[PDB]
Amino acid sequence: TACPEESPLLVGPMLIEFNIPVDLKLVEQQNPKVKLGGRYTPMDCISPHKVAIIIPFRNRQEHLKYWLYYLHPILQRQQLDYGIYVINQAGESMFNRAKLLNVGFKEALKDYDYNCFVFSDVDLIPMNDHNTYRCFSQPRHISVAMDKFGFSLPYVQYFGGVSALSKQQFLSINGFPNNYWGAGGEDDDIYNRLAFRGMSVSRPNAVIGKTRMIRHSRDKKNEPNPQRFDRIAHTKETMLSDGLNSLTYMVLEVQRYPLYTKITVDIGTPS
């Protein structure tokens, strides 16, 4: 009755293109077995992976459609017991990716006893279905070779894009930092946290880890791949008092759509 270690439904390399028309109606039609709120549970075997996929979000509905189009079929083929959560940041303050990811962890657990968490940007799609969206014996970095970075890993400590942590791995580092407002630096901090708690990063190889990004017509400016931000001392001094244990926020609305759960929140509270 337990699902096989490797799914028999996998196809391997996939054709990921965004120059096609898509709408949520089309997606709901192709995925009959997905229940309200974007929930799915294998019917022909028992999956040990109860996964909550958390997406930090603000005004990117177009990208979301393509994400759901590609990922729902993949997650089902990977035989996972999963749910999709879109954490929407209310207001116009600087985007705080990491704090929305903390909110996701907490809110998803109010629904079901998940034991694994996948934190994913809304514009990243995997190119090979052997790149399993589940948890491992050590924190997992999933989006290894992204086209936006020339299909190369920026540096060995890079932990941005898509990653996964078990419930215990996440509680061990007191979650993620809450005060990195704006973009940059929060992903190097999280890497520092894992290392400080005696953990390392597990990854698939560059070919199985090929990942595609939905291009933002707006984004025209181009600059070099990112370099590691040095803040090891900063993380050491603040990680145990800034994170899950200092998280406060207000839930403004909870909406259950057919393909996902959208939670709008005000994270302007002090943390």
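Rigid core here is just the name for the largest C-alpha set that superposes within 1.5 Å across the two forms. Only residues modelled in both forms are compared. Positions refer to the first chain, counted from 1. First, how it differs from the form solved in complex with the partner chain.
- Note: rigid core superposed between these two forms; among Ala206, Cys45, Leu36, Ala233, the CA shift is 2 Å or more only at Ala233.
- Once the cores line up, the CA of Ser217 ends up 2 angstroms or more apart between these two forms.
- Once the two forms are aligned on their core, the segments of at least three consecutive shared residues with Cα displacements of 2 Å or more between these two forms fall at 217 to 233, 269 to 271.
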Second form
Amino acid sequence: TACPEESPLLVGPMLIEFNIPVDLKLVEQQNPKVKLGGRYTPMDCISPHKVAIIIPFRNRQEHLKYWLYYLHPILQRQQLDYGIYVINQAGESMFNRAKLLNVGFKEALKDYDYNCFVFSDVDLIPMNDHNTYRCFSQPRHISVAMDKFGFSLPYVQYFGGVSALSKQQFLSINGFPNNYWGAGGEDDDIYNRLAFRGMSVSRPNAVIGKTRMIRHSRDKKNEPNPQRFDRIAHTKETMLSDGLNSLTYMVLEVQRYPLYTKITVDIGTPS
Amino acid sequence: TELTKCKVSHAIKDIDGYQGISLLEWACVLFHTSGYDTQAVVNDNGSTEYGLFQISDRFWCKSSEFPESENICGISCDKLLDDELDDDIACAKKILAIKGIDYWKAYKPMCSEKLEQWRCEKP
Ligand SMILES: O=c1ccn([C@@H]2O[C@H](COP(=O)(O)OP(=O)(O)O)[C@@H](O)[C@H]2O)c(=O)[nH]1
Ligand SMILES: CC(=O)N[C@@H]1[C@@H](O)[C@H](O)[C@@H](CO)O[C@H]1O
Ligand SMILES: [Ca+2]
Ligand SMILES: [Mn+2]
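Switching conditions: you have the form solved without the partner chain, so give me the form solved in complex with the partner chain.
Entire complex below, previous chain first.
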């Protein structure tokens, strides 16, 4: 009565385009099984993958629409017991991707006992459904072959875009840093943390992991972070003082839409 | 223009081995520094860094913000925003000769290991 190791519904390579406008109402109609808040649990078998998908966010509604359009049918085909969480950063301080991802972990766990967390940027859509959005023996890097980088890993130490850590693996590294404000570095620090814990990085192959990115302009308030290179050099030490243990935030609003949950939070300002 | 590893490796051929930095190391450095973007413009603190090598107008090139900047490279920062890397390379050399590879903050943390991946196996 437990779901097969590999889903029988998978189709493989998929045509991913971003030209036709999306209507969430249609998406909802097309996805009956998805309950309020963007929750789904397969009815046939029992899935061992209780997955919370966290998406850092601020003013990317159009991208979210495409993400929802493509991911929902895929996530169901992957036979996952999942929930969609869009962590919205209130205000206008420098965007803090990693902190928002931390919030998603905490907040999600209040809704259900997830044992797996997939952290994904709002503009990346997987091209092959064999690229399962779940957890593995080791931290999983999912967006391994982005068009942005010629369908290849930008650098072997890359852990950005879309990645997943089991609950244990996440607590294992004290979650993610909260001190990275502005663009760049946070993902390398997270990568550093995995190493400083004997954990390695699991990855599908460059073809099963092809990923499309919705091209956009550099968002306001997300300029490269000046001190990102100094920070990634002291992860072994800072990871002890910067993480879940030090995370603080104020939830301003929780919104439950039929296709996803949007939690708007005040994460403070750069120290 | 957003070049590729190979395109960059070939373009900066003349800087190879200068100050003991290989092309592999540079390919690594430039990717992290500007993502191989010849038109990159970033505001590190109160100054602005230009182009592929992200040369700063604080002391190296001359812009409008820093009129009396040292402009040690003797060049307008705007010449570091085109696709002719010969003058960006010459300026990079001066920086290597005066400050060293450490001007490029990405070198130590991201390019001290696994350099072979940065090699362009193109003829
Ligand atoms: O103003 C912003 C900046 C970032 N993001 C989120 O953070 C991710 C990473 O940002 P971006 O795509 O700008 O980073 P890049 O991959 O292009 O370095 C985006 O996909 C979004 O999910 C967002 O919602 N609003
Ligand atoms: C320290 C730093 O800037 N690292 C960035 C990383 O944050 C980013 O995800 C990746 C892909 O764009 O490129 C690296 O250079
Ligand atoms: Ca030039
Ligand atoms: Mn993006």
